[PDB]
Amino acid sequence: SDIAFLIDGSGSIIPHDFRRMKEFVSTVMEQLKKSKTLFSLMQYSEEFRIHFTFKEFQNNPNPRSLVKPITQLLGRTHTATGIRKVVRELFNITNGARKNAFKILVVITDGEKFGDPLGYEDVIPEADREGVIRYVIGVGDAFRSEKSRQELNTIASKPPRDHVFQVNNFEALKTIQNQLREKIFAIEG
């Protein structure tokens, strides 16, 4: 499995909630680390940060090591654009990504996609094509609406009830590790 992480570095996320976020991620990588599993991370906002590719991870496969040194981005939310860059570069052959393997994407966001030229319509359709499975963790009040949830039901793979986890706040992410974990195991064993 080519398991990649897309995390929201929006400056709407207070340093420690962002601290937490970061700890969540380390933990799941260690928790899902099979032998042939690869990992990659990028930090998206208004600027886009590749912290590491599959290709790298295999010559230093240590979640605590690589997760540790990340720096927040603060800008706004270009989720769609972020998606396009995952598919477009993370999941490319020269980046470690292996062709006969499962493509998995886990997104973590705290708001709605603000000020993005692209849309889900522009990026969604090409993610399916190469067949990327998408699981979305949405965090906070921003997601309590009868429309905010739509954006989340949308970045997800179908069915959405099994791909979406609407948590209450940074702390409260520890609460779904077993879930998010077992769902990603079941599709490899």
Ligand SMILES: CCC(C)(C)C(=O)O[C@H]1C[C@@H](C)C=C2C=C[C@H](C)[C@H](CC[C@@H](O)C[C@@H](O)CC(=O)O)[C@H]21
Second form
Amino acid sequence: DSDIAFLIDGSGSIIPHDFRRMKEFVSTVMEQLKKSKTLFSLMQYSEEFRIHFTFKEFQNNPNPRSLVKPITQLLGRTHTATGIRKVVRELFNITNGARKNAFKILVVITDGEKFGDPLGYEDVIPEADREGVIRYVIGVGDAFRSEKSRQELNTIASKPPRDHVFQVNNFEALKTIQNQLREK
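The block above covers the form deposited without this ligand; next, return the form solved in complex with this ligand.
One chain, no partners, no other molecules: that is all that follows.
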């Protein structure tokens, strides 16, 4: 009943310690939701974009370790808004294994410093709402330490922000998603 896509920040500002933590966060969400009706898909972005697995590819090989282990960090600039547009148009496409009546969830993992993107969040967030995608944001590094990055996380997340913005250092986001999925 639910299709969950990950969009993870592989840009130069993300230190390898945090990138590693993104990989274990994503893997743990998948591992915890195994034996459920959830499909998973993941894109890494910087100034380039890498689909590491589609929903269909997860369905054919639902092994979180096998799917996430070979992921290496892109480095480069931070095109978060374009990444969101590509997730919506490509990952949640039926050609890639996305399902018609599935509950759509996007989990964006970033430090909240979009940089060099020709697109603004105003260019892509409406499209995300148009396709019914629920957006959770997982902050990393110093995302919560300045007002600019805090507000950027809020801008990406579905409303209200306090229900959709979380940290990579814990699994509160997973608890919330599990609760949402249970209720739904």
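Here, rigid core means the biggest group of C-alpha atoms that superpose within 1.5 Å across both forms. Residue numbers count along the first chain shown, from 1.
After superposition on the rigid core, the Cα of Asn60 moves by less than 2 Å between these two forms. When the rigid core is held fixed, the Cα atom of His51 travels less than 2 angstroms between these two forms. Once the two forms are overlaid on the core, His16 shows a Cα shift of 3.3 Å between these two forms.
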